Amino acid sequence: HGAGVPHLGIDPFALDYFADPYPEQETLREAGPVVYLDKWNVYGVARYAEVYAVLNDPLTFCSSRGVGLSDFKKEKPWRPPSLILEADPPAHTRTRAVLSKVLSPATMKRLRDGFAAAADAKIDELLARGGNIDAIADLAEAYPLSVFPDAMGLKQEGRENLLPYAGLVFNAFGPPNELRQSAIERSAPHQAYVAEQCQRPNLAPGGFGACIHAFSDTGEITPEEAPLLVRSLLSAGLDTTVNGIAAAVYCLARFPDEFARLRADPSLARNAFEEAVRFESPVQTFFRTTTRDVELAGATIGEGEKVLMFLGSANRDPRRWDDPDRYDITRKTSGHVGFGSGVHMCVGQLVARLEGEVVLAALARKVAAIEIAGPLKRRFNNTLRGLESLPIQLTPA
């Protein structure tokens, strides 16, 4: 295995790596376009060129064998494969089409005012207590926990267990380590509870959930698939959105001159969030599995091989980005892989962007200055990058 390519001892699932990932991500890029990780016996690609290429060759680098370390072809799935994320065309085309229609631009346009109003109120609220708050619990998590479940049609009370439930999702794409084991145990007590809220009788009319269920009535999807697709949105959208808003606030808080540009021109809100996604990519990695013997950037990769993609690294590859390590809210961000690329490119990106834009717009208008006011605590996850705590001080406009 790994014949003809550079072998490395880098551990992409170690907490030491998660705590300070950039130096090693650079090592991965400089070693070659294709490397082999001896600690896990899997191939890896960290440059923008190859990551983009692989993501856009869904036939060759499939997702139906799992986007995690396990090969669902060779091994009986230890967890049920996602009917959307871990499906290849044409199956994927069918379930994707439903979600794509439900999370359309027209839908976002209808939700915009409500999302903005909630954002403005949240910021006024935070300022009222004083600027001294935790950007994670009080904003990165609080804001989406309000508007996202609302748009989904989930009940108002008991949202306290959505994150505990959602923590399993992306950790499950990693090996059976302590992070994985802890997320499973933390999620267990809420599994049945959250699944129940995704059944048709429990969804508020008009929300994402109810609209998805309507597709059961026509035949596009079965009554059994419907609640699973609904739950997939929650799973795929909670930690990612929290980490996304967290990254944007973290970036603007650490680089005051960029927040100054934003305040001077609030219309940069959407791009400041997009740049935050490129710079501090919520979804750092995940796998694809080869379905045939292939040639990739000079390397020979056999069929049935797991390939680990580093989206964060691709988003900071100097071969593609000028001054990659600089957070620039006016940067031309088009092309970054923070939401992936190709047939699987985040079907929920418009929702995520709406939320992010709206939060940063409220900040740009209501806050005069932002500063980190205490020790930062990073949230460790097998495939995601995020913060557990970020004390900051918001100065009123």
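In this text, rigid core is short for the largest set of C-alphas that superpose within 1.5 Å between two forms. Residue numbers count along the first chain shown, from 1. What changes on going to the form deposited in another entry:
- With the rigid core aligned between these two forms, only one of 186, 213, 261, 92 has a CA shift of 2 Å or more: 186.
- Annotation for residue 159: C-alpha shift of 2 angstroms or more between these two forms, rigid core superposed.
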Contents of the next structure:
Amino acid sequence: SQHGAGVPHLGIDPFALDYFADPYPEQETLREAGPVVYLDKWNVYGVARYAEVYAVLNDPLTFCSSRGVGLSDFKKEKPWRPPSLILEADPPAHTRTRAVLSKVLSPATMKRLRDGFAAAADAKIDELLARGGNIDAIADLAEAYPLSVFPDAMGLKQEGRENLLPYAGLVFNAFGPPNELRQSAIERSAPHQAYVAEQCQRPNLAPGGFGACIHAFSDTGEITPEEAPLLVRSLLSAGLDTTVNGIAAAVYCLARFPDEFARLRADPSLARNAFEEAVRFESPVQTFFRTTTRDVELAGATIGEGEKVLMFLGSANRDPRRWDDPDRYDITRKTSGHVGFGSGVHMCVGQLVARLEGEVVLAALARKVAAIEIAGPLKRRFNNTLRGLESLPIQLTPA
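Alongside the form deposited in one PDB entry that was just displayed, please also present the structure of the form deposited in another entry.
A single chain, with no partners or molecules, comes next.
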């Protein structure tokens, strides 16, 4: 390896705590430096503009996922857990396991489940207003709401559910480099991993839920009985804390930007796009990696075989080369093509679940709430892959 000959090198640590606290100046530096940069801190290439993020995402055989989508290269180091059969696979293996999850989380499934999700969101906003409206948008809403619907939709038992958010925090930290956040999460992981490992098994998943639906594909031969609990493991990894942070992004956006909330109230049919624009704007899933499978030319750079490439999805989603006024939260923006859910063959399989949760929460706010205001100090949460808040006191004014 030439280790980044011919491209600009930068010392920016995109996994440093001061960076997660305020990433936007360094994301701009990463974009301005060039289309391809080399990050000295971790000896990986980086792409922070929309054009190259999009190109890498849409070339999955060249920029592969089967050597891990975190920093660690699975060819060189044993993975911290056995690889995801969907996220950390390439076609054709990826095609067959993705197709199972695309059927489980299908658009018709979302329509059959819609009233359950919407009634829970209505009831939650009612509860928050009956409390007086002075509530923590994180604990009381962004966290509480997905906890009230997703474990039941999975068919998980009641007991042990406190393990779910720590498990997700661990998975998202573990894509990161071997820093304190990662080391510490892995050290405390055993009980969370054990809980998950157990709940993925068929006898532990209630009939009618997503878990049992996956396991049914083993009965028809479409997957094996040892694949089935791993595909359940994917949904327990990615299905809860992503939506918590996307809901948090949406509430935080609407709270800061009252004119946009008033627009949402005027036309509640903007709920879906308001949620999608929050996903662009905050990019709750900030980064993933790929690994080159061959020597490649990317935007003028040479990249050797077997190099990690860090994609900055959150910077791509704010890149002024692609987005008009990228730092504005605009709930009528044409958001199509943002990379907050990825792009191409691995584009979020659960996006219909995430959008259903976000829509129903925003629709309940649009109908029941006259105004939203930040009410007290916020506290940001640091995670190697996720962006979002630990606390956000708000005031909801009832309609």
